[PDB]
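Shown below, as structure tokens, is a lone chain in the form deposited without the named molecule; questions about how it binds or moves come after it.
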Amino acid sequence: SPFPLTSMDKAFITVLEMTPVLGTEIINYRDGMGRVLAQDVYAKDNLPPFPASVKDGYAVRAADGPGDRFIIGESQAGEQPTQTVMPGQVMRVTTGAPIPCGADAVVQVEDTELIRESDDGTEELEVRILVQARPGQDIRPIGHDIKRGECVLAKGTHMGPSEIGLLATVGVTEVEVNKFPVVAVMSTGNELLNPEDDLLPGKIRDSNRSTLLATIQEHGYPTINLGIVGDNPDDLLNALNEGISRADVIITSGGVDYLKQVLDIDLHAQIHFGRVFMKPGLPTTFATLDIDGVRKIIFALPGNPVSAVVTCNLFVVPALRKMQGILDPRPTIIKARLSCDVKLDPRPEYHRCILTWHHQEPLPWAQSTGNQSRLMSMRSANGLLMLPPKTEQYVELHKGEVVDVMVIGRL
């Protein structure tokens, strides 16, 4: 120290390389949102499991051709039919109903005309089939959508709603997944007060713990609030021990120098980097600690509030994604057009922005937060602008030029 400056590329790769993948556990399928499957999932039945009608109509023998037919009955959703359709008969079907024995096609109701109904008008008796059915027409055969024994979801699948629905479909209600990381957050600094406190001299309200907790929660991971910790070895070492004991990940912000000393000397953690050649984020620190053959990760983020949130999105979120089993945990980076000119720094530079798609324009505009219309000054950040380092060729970027933006919010 001052620790060597690490490049942004090496810092990032080092985070992903060194972060572990959590172990697995069995969950109920309804809790599967955002989880990664740690098993292949197979169907144990056919979908549909019976030949099913695609249409409201009549189940027929295609060989009978067009003509006048006795309706022997009705097949409806949820009931197995007990009658066999013989030559010159048909059975009424609704969409999804099983096809009875002896019928090999369905003619939709619009290709028919009813001849006779019961006196009370509740019951159709005879119908004119107006078309020549193709065999198997308007029937979903057994197993058309899913076959028994088929693998419907592969291990490594990152599950959303449709995958939860596929589990339900196949009746696989308990599944093996990766664990979610438990994330403990503390703040440090003698100047900090709880949000709930009135100001005292020399002090400000701690906002990072709140912003960082919210960031992590927005991604779905459980969190632990470790509060404000006195910026001294004794309280830092204890907070850090309580974090290590309670969580997979510990994030601190502030005091980055007692912090880096406790990690190395008192905790015996390997600090992989302590300064990053980036803007903002220069003092960011990443360390791992192996105890139990369990690897803990520790992020010591800058105290400055803008820096704490940018660094959390660049480093922490991808690490958590890896921990929870996502095979490629890297963030989504899209192309956008700058809304304003911008001088480049020699450091790679990151800034919160709002992404907006205008009428029939293929690229969204990226508007840097804090400088704003009314409605635009009100909007929440959904991107992180990723500005290139200054060069001899590129010293300045202009409104309208094409830039990289990391997606950090719902679009």
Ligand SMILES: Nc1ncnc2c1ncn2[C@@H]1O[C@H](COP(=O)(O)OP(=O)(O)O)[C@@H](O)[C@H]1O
Contents of the next structure:
There are 2 protein chains.
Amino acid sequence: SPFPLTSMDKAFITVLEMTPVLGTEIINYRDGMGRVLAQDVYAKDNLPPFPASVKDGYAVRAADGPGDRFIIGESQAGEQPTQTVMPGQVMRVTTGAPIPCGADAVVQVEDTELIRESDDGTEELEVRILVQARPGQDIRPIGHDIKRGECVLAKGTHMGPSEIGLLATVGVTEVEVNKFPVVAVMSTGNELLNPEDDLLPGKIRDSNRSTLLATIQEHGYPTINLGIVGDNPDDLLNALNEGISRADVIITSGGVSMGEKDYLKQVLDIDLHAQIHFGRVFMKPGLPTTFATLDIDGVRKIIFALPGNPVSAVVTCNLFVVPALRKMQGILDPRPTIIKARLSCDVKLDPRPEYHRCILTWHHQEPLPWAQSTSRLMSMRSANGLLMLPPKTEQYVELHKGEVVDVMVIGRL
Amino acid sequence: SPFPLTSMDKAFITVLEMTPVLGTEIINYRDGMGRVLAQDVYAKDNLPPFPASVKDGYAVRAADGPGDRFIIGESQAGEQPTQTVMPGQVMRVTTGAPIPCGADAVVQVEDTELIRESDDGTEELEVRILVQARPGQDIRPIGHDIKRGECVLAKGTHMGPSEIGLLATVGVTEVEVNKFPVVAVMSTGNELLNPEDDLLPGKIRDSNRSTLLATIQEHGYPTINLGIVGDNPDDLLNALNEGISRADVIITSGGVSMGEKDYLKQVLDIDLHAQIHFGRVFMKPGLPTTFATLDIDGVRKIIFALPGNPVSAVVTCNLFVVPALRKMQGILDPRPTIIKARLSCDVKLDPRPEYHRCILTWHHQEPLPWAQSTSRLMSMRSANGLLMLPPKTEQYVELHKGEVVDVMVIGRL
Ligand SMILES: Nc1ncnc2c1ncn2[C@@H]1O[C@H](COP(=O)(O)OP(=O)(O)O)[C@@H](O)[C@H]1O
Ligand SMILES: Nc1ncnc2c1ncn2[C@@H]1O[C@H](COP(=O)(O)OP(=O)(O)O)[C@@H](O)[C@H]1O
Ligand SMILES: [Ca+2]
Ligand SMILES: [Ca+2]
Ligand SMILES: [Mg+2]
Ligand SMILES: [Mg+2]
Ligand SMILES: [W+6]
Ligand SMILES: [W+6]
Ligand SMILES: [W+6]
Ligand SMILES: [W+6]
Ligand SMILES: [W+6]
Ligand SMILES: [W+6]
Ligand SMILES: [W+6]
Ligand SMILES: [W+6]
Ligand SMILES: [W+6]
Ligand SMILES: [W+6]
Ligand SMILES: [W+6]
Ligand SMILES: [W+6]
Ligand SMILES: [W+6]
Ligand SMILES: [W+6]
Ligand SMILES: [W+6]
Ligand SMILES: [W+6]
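Could you drop in the structure for the form solved in complex with the named molecule? We only have the form deposited without the named molecule so far.
Entire complex below, previous chain first.
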């Protein structure tokens, strides 16, 4: 029947509550960007694993105090020194080099004066130490940064470049992570042609498939292109069955209003036997947005049947689909970032919550960004926000330039 | 010699001023994410290309007024109607369907009552129109959204999903764009082992290469892994020559301070014959950061020789390298987004401007985010900002929790 109007808050919670978290797999750490760890990661070595110089200078005995010293040799990075530093002696050290036995502090070269070098001038022989070194000064002790057996990354961690670096550091080059969802995208309608086609009478080009696939790809998830499907229940069923076989998530657009050749809801329920959780949402745009799940064996497939209007499709994809994908790939709090911004122009409110693509810009020293709903130069930039306008009331019927509003971040700022 | 201390502002401007914009290439529109158009793009068709219904309803003659009408047929999406609507008649239409000849308005189904249908109930025969239609109501005229010959995207546009959708819409499936830079990354030092290696005496694992490659990959640029190179001028030269052959940009780390086995600056100048624009920057961390260019034939190569300390390397990569890469790939204003945030803890200022990775978080309804320099839960998130602290003065020697500071965005918020 005509599905109940579902509130935006209920629809959103329903998507998150009903979306599964995918299983795990082992990956190479270099492939970890944007992955969520499904294991704790432990250090199997100390960092540094030897006492290491913080400075270019000399390894000394602090008890020697300031004075003139014989340079017995050099500790070079990458090699364990063999000599022991005795009273009256020092060893040259470079940053990251091991501290030799017998030394207990480092004096940086700027707190020294060279006395004697070799004739060719390539070897230092004697040096004046000008300061009283503090015990342990300018040395990183064994384990100062990381200790053997320390947990350096917890399960649940959403990895960026520095986490990949940490895995490299501790030598943990394979890790268990959640899988990424595979997302299949289909367009529907007898009027649709491919982008590559010249127009024919009564027809237009399919843009949603491209826009949706790009949106998903921007977030790093693998995609499947299911093409254009006609307004025909058998064709829709066959396409959905392909999507279900090939992917974790199916996204369709078009054919979800109550029109005569809108078949998707019927096919989902009667033919595919999916559970439709909502089929209308009280929102602008996006009224006919539909969310269904299908359990086959012990696997839950998710299906988003988005409106056909191109603006509606991209808006609802960002509101509903992206957070579900984030939950599927193991992100613990998959909610989008919502920031406060100032309206750049007056806006009339609707009885429905309204959503509009916008561009966020910071002005000089002003603390809040401005939100400009999509000058010449502005066109050089792609939308990076979704303005989230409140429903109207007897009190508030309009918002004014400068008033503070919620904006969901949808692109790299 | 010991290079002059360059201010942060000068170093940053120097990088942008000396970095080239790469040439152009033709790509398929599906590959356009993050690319910058090097051509204006024009529509070769109207959108819609026929007069199109906005609603499910009936195509009517407004001059008929309200009343009872014979339904002569249906205009279905994807097909040009053949019948003409005469006085006293209407045609069913669906959203996106063409308006038949003879009709000049659409009345939505909710403003109608069905009078008669076929016995099987699959065909509507007569309908009551309850309203006086406004001329042209609920019709998108030819060219309403886009006109043939209109410029729909300007050169200089940095493309996201909606721009890809627009290309699909107008059927422009190949476009001229700036090339992306290819970025080669090398680590240096005799003490370094690969991540895959067990430790040996005096050695540590190479983490910078992984962190830097991931940082670059996060921005979408192709990379080349040049491996680990020893503290040896000949090996460094050979590696740099490989990077120059294989890539547009070379990033090294390590070996740029004035230590005894730090050879990079010498190799760059004497052996590679590159022009070093700065070799020290008055900043914390990142003092020894070095930027050079090399012109070969009519091609300018860029070389960033970053400090070896892992925190310094990732900070300077975000401050200097990423903006240069953005200029190379044709972004007109390649500067990073800097936002205002509140300090989550007291901080002492240094004579040098200081930079620290942080996490930005919005709290409930507070307009400004909090910046937390890198609770348990916080560790689940990767750094998304770089705190930019001002140099100290006689006046300001510390900043307090809650004070507003600049933060450069370095991850998806
Ligand atoms: N893939 C697409 N690309 C561009 N326009 C589309 C696409 N799919 C549908 N449309 C257009 O969106 C409008 C609404 O389509 P429709 O199928 O009625 O959406 P729904 O029934 O889901 O609300 C129509 O003008 C239709 O031509
Ligand atoms: N790739 C790397 N990974 C981890 N640590 C490194 C790496 N390269 C250098 N380091 C460490 O950074 C510190 C500084 O190295 P160094 O080569 O002296 O940097 P610079 O001379 O450029 O300031 C030393 O402790 C060194 O071991
Ligand atoms: Ca349709
Ligand atoms: Ca080194
Ligand atoms: Mg429809
Ligand atoms: Mg050094
Ligand atoms: W230091
Ligand atoms: W240092
Ligand atoms: W709408
Ligand atoms: W709507
Ligand atoms: W609509
Ligand atoms: W509407
Ligand atoms: W409307
Ligand atoms: W509506
Ligand atoms: W509408
Ligand atoms: W609609
Ligand atoms: W420092
Ligand atoms: W420093
Ligand atoms: W330092
Ligand atoms: W320092
Ligand atoms: W310091
Ligand atoms: W320093």
